[PDB]
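Visitor: Here's the letter readout for the chains.
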Amino acid sequence: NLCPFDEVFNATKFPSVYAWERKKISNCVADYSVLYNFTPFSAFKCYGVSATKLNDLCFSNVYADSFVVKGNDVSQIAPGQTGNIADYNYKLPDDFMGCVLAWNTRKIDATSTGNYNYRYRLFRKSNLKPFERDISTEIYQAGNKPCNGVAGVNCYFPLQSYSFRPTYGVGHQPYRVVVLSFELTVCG
Amino acid sequence: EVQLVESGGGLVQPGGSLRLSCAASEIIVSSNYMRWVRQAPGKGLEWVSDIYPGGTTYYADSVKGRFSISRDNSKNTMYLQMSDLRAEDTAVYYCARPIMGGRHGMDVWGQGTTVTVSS
Amino acid sequence: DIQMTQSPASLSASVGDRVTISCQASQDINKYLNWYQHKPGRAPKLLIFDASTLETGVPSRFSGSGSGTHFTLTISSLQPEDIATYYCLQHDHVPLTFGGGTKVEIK
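Residue numbers (the entry's author numbering), protein chains in the order written: chain E, 334 to 517, 523 to 526; chain A, 1 to 119; chain B, 1 to 107.
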């Protein structure tokens, strides 16, 4: 059975980067000629493997992490990145085995009224571990007084929303990213 | 009230450790963006270093590898250790906070201190 | 790094004259650049955050607008208490870079 890689890339909706959905790729034959010879990507760069040698190579499972970041903050999608996205939304482990794919989706993710559906949980106490997911809306306490779930001075809301617009530059347009991980069933 | 206090500034030799202390109240340093902004006499402002609330370190190229920004979560204070100080490191150093998340301005401020570097 | 140009570096006008200070960036910076009032012997004070919103406790004489690479500090009525230098700091992307300075004086 062919791997269902169309379901994860041409999908109408991806989750926000703070709430990135992880998919395990079950037993299936992969077709990576669909993902290298086709070139819709603004960034297509692989870590520890190549863009063409991945065909005659295969792994015990794949994890696909589908999410939305901003185009400059795709530079924060690497091992050893420490940006607001890496520390607080999606941290690719150092020994990350896999390929990172990024494409401009300003046609379906940017609107003239401002798209505030895509959030990014911009405030957190301490950093994230390798592939930690934290969707908690627990009020961001910056001070000694307990926030008790109510906002105020030193009590800021831990989510901040994107403001995606068609009138921003390439560094500020909405970009879809899905990252394929490899771990040591799925061969092709 | 919202406040910061800069302290430990003055004269020190090149590569000396005055370790500018920035005591906080009503906000916790373990959970905040906090920045060193300096100004040489008769110059514009410049950036030095910043800490994300997770502890994440950054450095401007004029201060990279020579300075290190740090904090004491128990004492509620920020520290910038300075090493390989120079004649151009004579400036008025402020400890202050850009409101976390980029949208909002730089709410928390101290009055700043002058560090002078001379023979 | 990301360069900027403030224009002018200093200006002088009579009480109530409209003050306009520009800031040009090397690339699109959205809105996260802020404007700052530097008084001699004070901590520098904020003017506008989001490059379009007055901070609470900023005077209503200050206002800001723009997008992309050009920004404009607007003062609609100049006041005697405004004698200061002004800055356009960006925190838009690393490396973070401060503005060149613009001193206003009253004639």
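Because the hints were derived from the structure by calculation, they are not lab data.
Note that beta-carbon positions come from the ideal geometry of N, C-alpha and C, so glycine has one too.
Please note that a few of the clues may not be correct.
[To be verified] Dumping the calculated PhoX-like pairs for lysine-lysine here, alpha-carbon to alpha-carbon at most 20 angstroms:
(1) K478/E to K458/E
(2) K39/B to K107/B
(3) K346/E to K357/E
(4) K356/E to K346/E
(5) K75/A to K458/E
(6) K440/E to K346/E
(7) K478/E to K75/A
(8) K458/E to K356/E
(9) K103/B to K45/B
(10) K45/B to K43/A
(11) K43/A to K39/B
(12) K107/B to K43/A
(13) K107/B to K45/B
[Claimed, not checked] Label pairs and their computed distance ranges (CB to CB):
(14) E81/B to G42/A: 21 to 31 angstroms
(15) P80/B to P373/E: 51 to 61 angstroms
(16) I2/B to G413/E: 21 to 31 angstroms
(17) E471/E to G16/A: 34 to 44 angstroms
(18) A40/A to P95/B: 14 to 24 angstroms
(19) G485/E to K43/A: 54 to 64 angstroms
(20) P337/E to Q3/A: 36 to 46 angstroms
(21) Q111/A to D17/B: 50 to 60 angstroms
Visitor: Hint by hint, say whether it matches the structure.
Guide: Status of the hints after comparison with the structure:
1. The suggested pairing of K478/E with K458/E holds, with an alpha-carbon distance near 16 angstroms, which does not exceed 20 angstroms.
2. Using a Cα cut-off of 20 angstroms, the hinted pair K39/B and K107/B holds, with the two alpha carbons roughly 18 angstroms apart.
3. With a CA separation close to 18 angstroms, the supplied pair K346/E and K357/E stays within the 20 angstroms bound.
4. This hinted pair checks out: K356/E and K346/E have alpha carbons roughly 14 angstroms apart, not beyond 20 angstroms.
5. Using a Cα cut-off of 20 angstroms, the hinted pair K75/A and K458/E holds, with the two alpha carbons roughly 17 angstroms apart.
6. Under the criterion of a C-alpha separation no larger than 20 angstroms, the hint pairing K440/E with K346/E is consistent with the structure, at around 13 angstroms.
7. This hinted pair checks out: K478/E and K75/A have alpha carbons roughly 16 angstroms apart, not beyond 20 angstroms.
8. Restraint check for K458/E and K356/E: the C-alpha separation of about 27 angstroms exceeds 20 angstroms, so the hint is violated.
9. Pair hint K103/B plus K45/B holds up; C-alpha atoms about 14 angstroms apart against a cutoff of 20 angstroms.
10. For a cut-off of 20 angstroms, the pair hint linking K45/B to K43/A stands: about 17 angstroms separates their Cα positions.
11. The suggested pairing of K43/A with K39/B holds, with an alpha-carbon distance near 13 angstroms, which does not exceed 20 angstroms.
12. A distance of roughly 24 angstroms separates the Cα atoms of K107/B and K43/A; the hinted pair therefore is violated under the 20 angstroms criterion.
13. Restraint check for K107/B and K45/B: the C-alpha separation of about 23 angstroms exceeds 20 angstroms, so the hint is violated.
14. For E81/B and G42/A, the hinted distance range of 21 to 31 angstroms is satisfied, since their beta carbons lie about 23 angstroms from each other.
15. Separation of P80/B from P373/E is about 59 angstroms and conforms to the stated range, judged on CB atoms against 51 to 61 angstroms.
16. As the Cβ distance of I2/B to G413/E is approximately 23 angstroms, the hint placing it in 21 to 31 angstroms holds.
17. Taking 34 to 44 angstroms as the suggested C-beta distance range, the pair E471/E and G16/A conforms, at roughly 43 angstroms.
18. For the hinted restraint 14 to 24 angstroms between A40/A and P95/B, the CB-CB distance of approximately 18 angstroms keeps it satisfied.
19. Range check, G485/E to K43/A: Cβ separation about 37 angstroms, and the 54 to 64 angstroms hint is violated.
20. Checking the proposed 36 to 46 angstroms range against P337/E and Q3/A shows it is violated: the Cβ atoms sit about 57 angstroms from each other.
21. Hint check: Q111/A to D17/B, Cβ distance near 31 angstroms, so the stated range 50 to 60 angstroms is violated.
Comparing the model with each numbered hint stated earlier shows that hints 8, 12, 13, 19, 20, 21 do not hold.
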